[PDB]
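Have a look below at one chain only, the form deposited in one PDB entry, in structure tokens format.
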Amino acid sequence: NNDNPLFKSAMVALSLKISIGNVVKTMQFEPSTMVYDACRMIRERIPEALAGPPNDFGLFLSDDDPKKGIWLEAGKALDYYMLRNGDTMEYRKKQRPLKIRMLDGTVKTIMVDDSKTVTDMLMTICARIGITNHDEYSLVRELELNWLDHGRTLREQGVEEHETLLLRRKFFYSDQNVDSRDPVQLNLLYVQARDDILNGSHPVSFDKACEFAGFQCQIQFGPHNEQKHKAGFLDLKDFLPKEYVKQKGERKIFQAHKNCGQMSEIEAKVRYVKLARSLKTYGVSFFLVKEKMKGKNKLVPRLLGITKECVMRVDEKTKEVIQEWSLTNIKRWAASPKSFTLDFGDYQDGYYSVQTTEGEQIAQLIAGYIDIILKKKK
């Protein structure tokens, strides 16, 4: 029959499981101990806590849902974090590798502070690669679902440490014309404009899609040859946006192909890019939203486009621009996980309020473009 001189009431001390890799040791802490001081105590008891410069490590509270794990701040007391006996804390390197696909398509690993937001990590990336204007870039996933809120963490958006992200330049309209004199740059502009049309991010009419595909045939096959380029030849999924992949499109495409004549590969690329740049939809960020129409119960899908100068409504079928508002004439906006609303003050009667799961994306684009206009005046 013996007493334990180590015993402290469960009410007056915190008993925490400290994990380092595969090692776990249970340690007792005064609850007011600051995180910084708890790290020192950990270094005094667990040898694997000495695996580097001491200020390289901190405390991370894990959770069965990884989105809910959090880094603890060095100046906070343990009991700030509402810890209970038997909770687990990881003694963890503050910096971790983050794999980023560079603008040349290769993947580079960059150490980032794992407690920070996506904006902070972007800035660290841009600093490493000599990019001063980080506001021209963003990080996206490479899985709609690839958008990242740069004011939040990767962790809370479901991005774990294994995942490679993409550094992506934002869209800017070109100050130079489309020439034939720089074939390598021409091909880059063509591939960009073509992929945007084929993957639906640049929405176009059915007629225009078949015109683009006509130039595409000229580029890929040379001049039209009625011996070879007959019904059934084209894999239409490679020449038309998904919603236009229909057999009746091939005849339209072959007409556009024939109309190119003996046009060279370079000349067709110039024409393809010029046709894309000629459309009111070119360069616009589009979102499929659901509108409430006066005198109709079922909502109507509509394309909502955001540019550096305006918001536009675009017909989902014909891609006709139905209506355009200048960013200058928007009084305020609001977003929720289910809807997005614009208030135009006395420029019109009633708000524009639509159902969408991308409302925060839309709001951040508008705010970003407005801050740019606002920053040129001051």
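Numbering follows the first chain given and starts at 1. C-alpha atoms forming the largest set that superposes within 1.5 Å between two forms make up the rigid core. What changes on going to the form deposited in another entry:
Considering 324, 48, 315, 343, one residue stands apart with a C-alpha shift of at least 2 Å between the two forms following superposition on the core, and it is 48. The rigid-core alignment places the CA of residue 293 2 Å or more apart between the two forms. Superposed on the core, the two forms differ at residue 101: its CA moves 2 Å or more between the two forms. Comparing the forms between the two forms on their rigid core, the Cα displacement of residue 171 reaches 2 Å or more.
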The other form holds:
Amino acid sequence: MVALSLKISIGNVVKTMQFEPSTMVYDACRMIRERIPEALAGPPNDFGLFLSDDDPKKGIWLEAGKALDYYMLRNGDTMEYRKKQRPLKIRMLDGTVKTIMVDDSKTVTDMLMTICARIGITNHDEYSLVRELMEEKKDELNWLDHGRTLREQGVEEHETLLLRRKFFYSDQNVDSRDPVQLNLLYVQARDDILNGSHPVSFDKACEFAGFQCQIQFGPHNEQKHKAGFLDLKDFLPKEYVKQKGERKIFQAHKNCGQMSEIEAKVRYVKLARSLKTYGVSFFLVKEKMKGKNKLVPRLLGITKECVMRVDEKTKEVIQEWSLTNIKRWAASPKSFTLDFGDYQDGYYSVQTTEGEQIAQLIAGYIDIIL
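Could I have the structure of this protein in the form deposited in another entry, to go alongside the form deposited in one PDB entry above?
This part shows the chain on its own.
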């Protein structure tokens, strides 16, 4: 009977109450409900005991099943008999915001389970809550620890959380569950694009740059991802740095929303592999103009199946031939020539220093069939 004298705060009321240090929090609550009428303003499950801190993130709810002495309580400490139920704004998959009363003492996981049940979602484990704006000044990331509470993470009641389904994708090429292999595919594809080995359009370069932003900086932040934030040399093929790509790139970045790094790498790779130019060995050549002294720069591509003539600026395939249409080919130290015989009127000849390299490649590919 070495009683604990605790100040009980309910609204404007302060009553000092005696408890044995072994008293259970649930019993302490009952004792308060029998003495202070203010304590009866709602059901016992809507209230709890709370130990405040100047830092709201450091305030703690007592667990019903614990004893008061677990919380290292001492004579003269104040305990607040406070309402647990708070509002939580959640952005739905359809973009609408639903406000729901949640128990501030519960974990993010427990709130997500409550959320799913109210909107009729069959598996809460396929979803997560994300932050709208992560406070950079604090250690508050866009990612939320689903084992910790909203209070301890500094999620203020006027803050919205987004409902997002967990991303999963796989095929013969890529698997979202193997981030190692996915990173190998990503880096290769990215590097080919940035160094011009894989020629793409300006519009595509800006899409690839938007994903690259998403991967390297996370979701677009308008307050941080401003004019001159990007070193465009690192995000675009050199030939597109001249152009005002930043506006285009920031819109592509913005269009990604709160897409995970994994999803952005998967989308990058799948987008790179979708282009006709993917896996094509390109040579920058020059075309002679009959009766003129100008030459027209062009991109010549080679694959096991075909030869393509691609516009150097737009990267449009303006012609293509099957490797099986080649009748003869011939190289010199200043030019390369293709003969398609019946499958075209005139040879296709271009000015190039790498004619032997081109011819070597074609020889190799022709070697397999017949």
